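What follows is one chain in structure tokens, specifically the form deposited in one PDB entry.
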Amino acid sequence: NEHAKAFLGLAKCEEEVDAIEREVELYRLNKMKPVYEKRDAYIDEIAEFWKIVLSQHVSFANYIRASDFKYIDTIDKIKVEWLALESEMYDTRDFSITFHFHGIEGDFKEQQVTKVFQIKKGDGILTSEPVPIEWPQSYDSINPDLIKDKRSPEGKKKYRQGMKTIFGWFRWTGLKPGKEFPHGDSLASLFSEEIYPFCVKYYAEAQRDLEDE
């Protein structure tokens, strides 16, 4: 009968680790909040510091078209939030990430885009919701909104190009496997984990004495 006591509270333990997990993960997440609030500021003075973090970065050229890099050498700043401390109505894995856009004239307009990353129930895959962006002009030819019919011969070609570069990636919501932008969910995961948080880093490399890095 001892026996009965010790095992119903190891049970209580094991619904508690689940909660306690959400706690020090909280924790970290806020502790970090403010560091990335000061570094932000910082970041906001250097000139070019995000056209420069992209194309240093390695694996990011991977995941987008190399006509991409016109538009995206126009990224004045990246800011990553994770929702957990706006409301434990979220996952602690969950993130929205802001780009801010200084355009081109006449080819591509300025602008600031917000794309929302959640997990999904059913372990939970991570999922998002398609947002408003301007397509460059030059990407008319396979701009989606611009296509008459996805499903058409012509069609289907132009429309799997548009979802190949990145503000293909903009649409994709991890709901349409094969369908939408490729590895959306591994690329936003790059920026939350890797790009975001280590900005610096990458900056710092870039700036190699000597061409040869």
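Rigid core here is just the name for the largest C-alpha set that superposes within 1.5 Å across the two forms. Numbering follows the first chain given and starts at 1. What changes on going to the form deposited in another entry:
In this overlay on the rigid core, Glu16 has a C-alpha that sits 2 Å or more away from its partner position between the two forms. Once both forms are fitted on their rigid core, the CA atom of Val131 lies less than 2 Å apart between the two forms.
The rigid-core alignment places the CA of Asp107 less than 2 Å apart between the two forms.
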Given for the second form:
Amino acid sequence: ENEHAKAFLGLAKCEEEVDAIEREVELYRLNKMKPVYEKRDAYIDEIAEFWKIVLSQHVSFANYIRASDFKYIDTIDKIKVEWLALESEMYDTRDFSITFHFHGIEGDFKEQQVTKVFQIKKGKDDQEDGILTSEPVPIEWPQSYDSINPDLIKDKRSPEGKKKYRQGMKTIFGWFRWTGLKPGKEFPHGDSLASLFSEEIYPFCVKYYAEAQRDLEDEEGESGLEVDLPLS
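Now show me the form deposited in another entry; what you just gave was the form deposited in one PDB entry.
What follows is just the one chain, with no partners and no other molecules.
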């Protein structure tokens, strides 16, 4: 019994070792990937439409935004992701700041550069993973969206107004105001969208870009990224 308890404890201590190791490993990866990212992004700049093509090739990204937003998503010419845990141990390895630059549309969208930061926060527990949070960042909404822009909506608690509000809140522009601190009143799943960029879109943009170059269009996505076997 006692020996068993000893082992069980030792087991629980081992799982705790593994977590530390994982964190260490992640930090190690982030430090190595850094200088390759600088090299890589410099090449990416030479390519036009790289970001537009990537954000069209990623499958779940579309899930978080309105189809109309793609008019604007297509103006993005640069994306930069800096992981904060490299500047200080205070930050979680999941923390990052993302900068987007949009070239703009004549008479509709203003050319601008926007930077958003995501950090993990905890609320009262030792044994809770934590959630992404952010601060609102100013972005200049396109003219086409005057009707759904939260800053131009007059009757906000109005019944119709409340619906115009919610529509604006489900655009990529709504996401910039996402914070993660007021559930149900903000861009839906703003944390998941944030994760996609750091976890997939920035890291694997090139795989995504190459996915768009298949000679036969029907093969896009075939790459990845129901019958039997009767007898032995």
